[PDB]
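Next up: a single chain in structure tokens, the form deposited without the named molecule.
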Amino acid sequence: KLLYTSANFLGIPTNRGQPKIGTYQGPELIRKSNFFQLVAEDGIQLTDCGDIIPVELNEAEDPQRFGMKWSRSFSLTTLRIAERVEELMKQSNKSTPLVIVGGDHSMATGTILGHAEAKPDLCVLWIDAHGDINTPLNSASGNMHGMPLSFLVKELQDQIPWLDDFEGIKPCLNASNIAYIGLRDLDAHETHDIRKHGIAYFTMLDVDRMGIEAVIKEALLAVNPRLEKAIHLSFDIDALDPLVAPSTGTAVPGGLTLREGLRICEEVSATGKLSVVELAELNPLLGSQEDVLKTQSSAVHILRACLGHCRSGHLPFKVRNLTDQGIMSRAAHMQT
């Protein structure tokens, strides 16, 4: 009565994909929550596989290249992440979902790269307020966390400037394998690329007009019509509304409600094809103490949903009754 009985947990404290310090504390934010306990109580065995140590070079070793900030730290980290994720996914080759906690969203390049190595025909569900598909010369900031998909999408490779250290980062995604949910702050060039190459996307406008139920169904239909493909669920916490997840770097008003987020994860989990879920952009150094607790709370409910937790309840593993303990019940007292 569980689609998944085992699961792996992995921390990736990336903080070089964006300038605000604190995303490196993301994994600890979840580890010090009651997440592991709650999962165990659901009958799921969660193995903490530790953290991936990101490569963080200094200014001298990693200067700007094509406007990109920390691009060599990114490429080295991408490859290290990919190696670890591939290793974990192949050791598990019911399926054993990998739960990844970031860390800024730049980890997704290495995270999907490794995942695809173990499961090449996967699809990606990108839950985010942002496209994260800026090509390097289009990026206004040069922040890597705004470009993780551009290196993975084959159709975009004529817009990615060549770099030797990026050679191992092989584009492993077709535009037809990605679906967006929650978009509300696209750069114009992202909009151009998404429409041009036919990437399936459902913005908050769509969520408003169609309702989250139809959006989820349409998204899954677009990139995984018969539930044949493994699912890579890349969940940016900023997809949720700032009212429920304020502690994140680029909050955008009018987001998914926690319930809507729960629905996406519940449906994805119930397909039986959840292979990797990653939660990005938690920053416990942002906002007040209560802000952090709200964000942590949302993250925990979201992740529990991915592993199959059901708001409609779970049956107990052993039903208990009074007679076994030698205890008189009220019904048994009235019968006498």
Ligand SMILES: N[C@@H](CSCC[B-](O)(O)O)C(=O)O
Contents of the next structure:
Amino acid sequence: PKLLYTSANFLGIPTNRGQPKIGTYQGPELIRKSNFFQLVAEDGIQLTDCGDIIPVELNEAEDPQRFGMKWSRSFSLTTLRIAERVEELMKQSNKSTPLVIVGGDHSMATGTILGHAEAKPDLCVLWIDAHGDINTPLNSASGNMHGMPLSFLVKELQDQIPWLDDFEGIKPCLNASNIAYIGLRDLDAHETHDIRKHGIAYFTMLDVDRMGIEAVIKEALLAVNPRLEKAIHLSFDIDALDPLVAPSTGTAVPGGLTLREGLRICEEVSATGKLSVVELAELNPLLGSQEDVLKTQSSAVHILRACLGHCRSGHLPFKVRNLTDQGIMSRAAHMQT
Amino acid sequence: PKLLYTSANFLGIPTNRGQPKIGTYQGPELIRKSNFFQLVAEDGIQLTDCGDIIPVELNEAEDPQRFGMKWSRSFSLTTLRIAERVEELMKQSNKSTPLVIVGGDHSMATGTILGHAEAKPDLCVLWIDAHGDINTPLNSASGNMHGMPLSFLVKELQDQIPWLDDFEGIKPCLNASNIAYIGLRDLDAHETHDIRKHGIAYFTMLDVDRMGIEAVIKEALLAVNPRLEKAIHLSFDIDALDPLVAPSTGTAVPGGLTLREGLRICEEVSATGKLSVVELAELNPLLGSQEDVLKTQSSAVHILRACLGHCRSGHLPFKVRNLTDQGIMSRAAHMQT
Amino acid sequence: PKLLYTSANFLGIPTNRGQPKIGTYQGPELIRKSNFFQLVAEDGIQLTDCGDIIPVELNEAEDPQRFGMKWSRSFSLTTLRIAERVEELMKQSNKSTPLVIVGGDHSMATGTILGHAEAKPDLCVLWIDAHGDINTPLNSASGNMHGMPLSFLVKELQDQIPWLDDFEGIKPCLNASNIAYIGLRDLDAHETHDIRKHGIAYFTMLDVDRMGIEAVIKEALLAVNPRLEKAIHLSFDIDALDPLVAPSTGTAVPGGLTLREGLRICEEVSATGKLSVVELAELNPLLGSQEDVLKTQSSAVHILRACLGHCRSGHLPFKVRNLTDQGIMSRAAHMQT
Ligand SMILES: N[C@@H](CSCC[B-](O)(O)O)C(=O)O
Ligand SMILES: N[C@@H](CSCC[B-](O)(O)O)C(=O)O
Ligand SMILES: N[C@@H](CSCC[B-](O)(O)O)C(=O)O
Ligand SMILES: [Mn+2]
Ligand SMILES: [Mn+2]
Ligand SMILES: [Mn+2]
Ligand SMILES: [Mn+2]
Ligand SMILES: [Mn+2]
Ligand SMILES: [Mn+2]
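With the form deposited without the named molecule already on screen, would you show the form deposited with the named molecule bound?
Time for the whole complex; same chain goes first.
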């Protein structure tokens, strides 16, 4: 057998202040509960559990609304804390060692990318999501941070981000030409404006319907990593998949990716040999029935396994078992006498 | 932003005598209950609620079976009543103003098309359905009117329709060359005979599998509206979609259209700028679980929004919010000092 | 109308010793309970019920584990019993008469193919499954016979099958070049080794994603029956279909075939005019909710109907009903006076 990645790191980030629905903090445990670790090992990969990042959760009286944003100071404090740990993990392993991150709501992405970009500043980002998550604070109708994580990272958008002192440590590390969306089907108007204005590459479900997922992946990589020179940060919101496949998530949107389409994305990104960080966001075991949570867990595991290099086409055994070395009479041997 | 249709009309038709399962009369309310109106408004479209048509529901003793048909006199009386109102609405708005109609079982289609054809006699019809709904009375095994609505409209079939005095006002206004089916997977034998005999264009799920939905739509329009000269009556039976997507309907048939395929049909028809009337039939909130009804409602809303011109690719904002006119210090401005 | 097959045989095999989960013995009854027979008749086909094969179910004390295998002696005794009956049925009908077989777990396949190959030795096999079912006894982690049925049949694998006296009657009748897989997504490593080593044709879900089901079917037939000269044994594991479509099965694996893709396989194989035996395995009415069992039953019926030649494009009536021979006044006739 052969493997692009022979070892990987696992990191849990139970962020739950990016959106009002409680349960995303149970995200990392939902994956740890599963047979994910067992399965990755059987594929011949050494997965090291790097524990969980403790997010900063201020008391409501310590964190009033600022510019409509909810839990903004918790966000800024958590962001920096994420960035510090991710940077350490990335520099420590600097045939690479991918970081698998499990959220947690998507607001964590500001921290992960920032820390990732501090170790590999030339990275590109593949954002798999039903939503843009690129609302700027004054344009956000909800005030939820999981809908704004990209806006603090994109240089071309900094004249639309309100200055806040606790936000100074969060320096924009992304050019608009380094991001590519796949799976969009619920963009806010101002997101659509910014995405088109600054030429951010995006492939919606409409594009997936007209082009096919195979062409979309090829075009997404062509746009942000044309010669596979750049490290890849793969940000995978679980709600990019259709709700029939992953119902246990906060903002489900019908008409999403099939599990197979999602797997194709991960398999292709994995095969570049350039997967640096994969993050899975918006898992919420407190939403839906037990069967719903089981379905969502199952989809998450298959997706993450795909990122680490698992092939549906099969894997060769690390040692071939021969029947005669075990001194056992085979049927072929019996009739030969 | 730009819009093909800037205003539209909403009309409810709670027909429930076209089929034995009670609940389709709650169809229009299921859509009114939803956020459909709110969402259409946010897309920049003025939706006017034109109320509901009161269908004629005779007492069983007033409406005995005739030629196997159930509730035939209720059908004829209701048909004419539908036709009168639809004609008024169409002539009143004669950049068009589309009519959105929500049923109600599919027997209403005889009335809507008749009234529509009275204002726009050169119309073509796109029938999205698992079934032909073109059984002639003596060939119908069930005797349900929702399985015969097209047969009273097609000129080439009038030698197969039993003469009834109360049916005189229902004059065939459709040539067989004006109809195109998409989504068929449960045709009765005599429907298959008539469809092939008179050269009615039809694309079954088999065709969708072998050609892809994109080619099917193009071929369907090519067959009945080759140069986008004709107004389009879009008759959308909800059971055309797969039961996994829309379970709350009377005659569900496995192996149907995905939500995405259905959306593609509506998006393309909408983009012709020729959508005159869109009708959605066979919603039944009294079938299946609450989650089933929620799923069916959700699918209906996304479909109808697609007809009115909603793009999954995003919509531009009607006014761009600038951070400096609001007199707020942006991060870009702060560092520039 | 026209029909490739005008008559067919139905045979139930309630095998339940190939896997630990009880309920697959209720498989044949689940199909008999359905409207399958009624529907096949309406398509104009004479289905003869050939009853059920009574599988051999030894007492645990009579059937200890041998080489890790569970219920191996029950397997060998049952296999021979299956083979004897299938051979009789095949020679008896030797425009062919297809055998429709309903399991029962997939361990029955050793018996059916053996008996089938005894009447038509030049047959090819189309294996539709999430799994290879080609584990050799010493390589099997589970020791379940439903995971090994193919290994006893493939000549190239006989040096990997442990000699057992009760297994002598089971002679390998298949060359590796006569088998083609469709739908694989959960191969064991040693299966992957054997499949690639001996050049067995296989198309995984990855292949289905990149090629499309239409190309996969064409390539599968090209590999094992290039000129439609060989009779076809179609072995269809229900878990080849996605769990959303067929949840009531023992080893469900996400990311499977849609119902439409499965139907395409059956429709194409049927259209060769070379369908000799179709078997449906792994139905288990004791797994999942009532709605789950209903969904699984429904999928099974549509699949089997497709094998017998049912077209979603419609069937012509065996006698056209004219309105005037019945002495009834048509609307066309009324206005003509
Ligand atoms: N426009 C919405 C987008 S929410 C999407 C959140 B997510 O992608 O993380 O699930 C908002 O600003 O809250
Ligand atoms: N052959 C059936 C067709 S029923 C289809 C009804 B509908 O398309 O409206 O759900 C019949 O005549 O009742
Ligand atoms: N590797 C597994 C495969 S089980 C597949 C069983 B079946 O295809 O019949 O559902 C085993 O040896 O038990
Ligand atoms: Mn999202
Ligand atoms: Mn997100
Ligand atoms: Mn229908
Ligand atoms: Mn209909
Ligand atoms: Mn299987
Ligand atoms: Mn199997």
